[PDB]
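As a starting point, one isolated chain is supplied in structure tokens, in the form solved without the ligand.
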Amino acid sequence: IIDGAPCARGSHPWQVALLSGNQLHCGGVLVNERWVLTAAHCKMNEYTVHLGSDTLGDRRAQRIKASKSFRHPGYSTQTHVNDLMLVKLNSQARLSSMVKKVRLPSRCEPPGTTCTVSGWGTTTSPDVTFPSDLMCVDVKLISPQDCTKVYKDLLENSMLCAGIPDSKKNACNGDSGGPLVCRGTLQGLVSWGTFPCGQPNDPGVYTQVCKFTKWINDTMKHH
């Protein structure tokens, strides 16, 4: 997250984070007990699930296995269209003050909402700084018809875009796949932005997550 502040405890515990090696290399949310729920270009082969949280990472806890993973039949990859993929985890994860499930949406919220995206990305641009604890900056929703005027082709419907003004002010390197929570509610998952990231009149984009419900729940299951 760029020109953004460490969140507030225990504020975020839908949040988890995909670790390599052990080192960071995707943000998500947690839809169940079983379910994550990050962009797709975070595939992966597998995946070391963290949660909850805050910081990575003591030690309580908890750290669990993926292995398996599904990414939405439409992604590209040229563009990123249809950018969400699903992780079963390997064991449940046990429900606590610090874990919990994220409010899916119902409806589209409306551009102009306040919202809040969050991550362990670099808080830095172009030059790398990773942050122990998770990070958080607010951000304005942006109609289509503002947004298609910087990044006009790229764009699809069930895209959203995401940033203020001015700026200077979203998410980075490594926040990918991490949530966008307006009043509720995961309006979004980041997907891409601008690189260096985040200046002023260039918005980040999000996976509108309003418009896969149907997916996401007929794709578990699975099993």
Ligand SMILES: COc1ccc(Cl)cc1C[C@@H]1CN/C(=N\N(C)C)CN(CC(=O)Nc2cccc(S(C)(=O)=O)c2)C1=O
Second form
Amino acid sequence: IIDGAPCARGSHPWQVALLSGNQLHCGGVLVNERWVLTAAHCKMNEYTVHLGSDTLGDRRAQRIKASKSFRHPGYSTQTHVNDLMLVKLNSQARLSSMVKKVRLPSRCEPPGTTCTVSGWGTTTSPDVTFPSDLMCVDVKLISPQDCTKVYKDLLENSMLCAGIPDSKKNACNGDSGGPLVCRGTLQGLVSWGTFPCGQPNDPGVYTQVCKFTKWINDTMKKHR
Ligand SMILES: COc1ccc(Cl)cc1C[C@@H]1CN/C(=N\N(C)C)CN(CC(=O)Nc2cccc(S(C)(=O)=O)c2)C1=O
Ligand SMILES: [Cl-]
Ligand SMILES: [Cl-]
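Given the form solved without the ligand, state the structure of the form solved in complex with the ligand.
Every chain and every other molecule in the complex is listed next, the one we just looked at coming first.
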């Protein structure tokens, strides 16, 4: 996360981290006791899922392994369209005040809405600095045609853009798959953008969750 601050302790109970070894791979969210939503480009054979602390490596934290994950059937490795994936935890997460489900959207929030993006990703770009504290940055949803000005043909209508004008505020490496919430529901999963991170007027690009609730719910039911 670029030009952000540590997230208020206990306000991202639905945030999880995906680790390979004890080392960060992606961000993600908890849909419920059994399942994690992240980006399809975070796909690995096995995952260790960090839960229940803004602090990475905490003693209080829960780590649960996951051996199965299912990317969206329509994901492209070339274009990163439909960049979303479900991760099935080997055992159920134990909810607490520190472990909650994300409120999935029943609505696509419109351009200009204030949103928060969070992660443990590099706090700097190109030179990298990884924080144990979960980091937050507030951004606004940018409209599709506004974003297309910048990204042209790379953009699908299932991808959502967010940033602040003339601002370095954005997500970066390691923030991948992590949440963008706006008015209390999950609106984005961190997918792609430009390098180095935080170039002003280069919006961060998100997978637009409100377009995929049906696949999400159907996949959870499928693998009951
Ligand atoms: C320049 O990077 C970005 C620019 C804008 C935005 Cl919004 C996000 C990012 C972070 C990216 C997003 N997208 C990625 N691939 N796309 C599907 C094209 C790559 N990605 C994964 C990643 O690099 N993860 C990572 C995790 C832990 C450590 C490192 S490292 C080796 O760079 O230190 C990297 C990322 O994390
Ligand atoms: Cl798969
Ligand atoms: Cl169980």
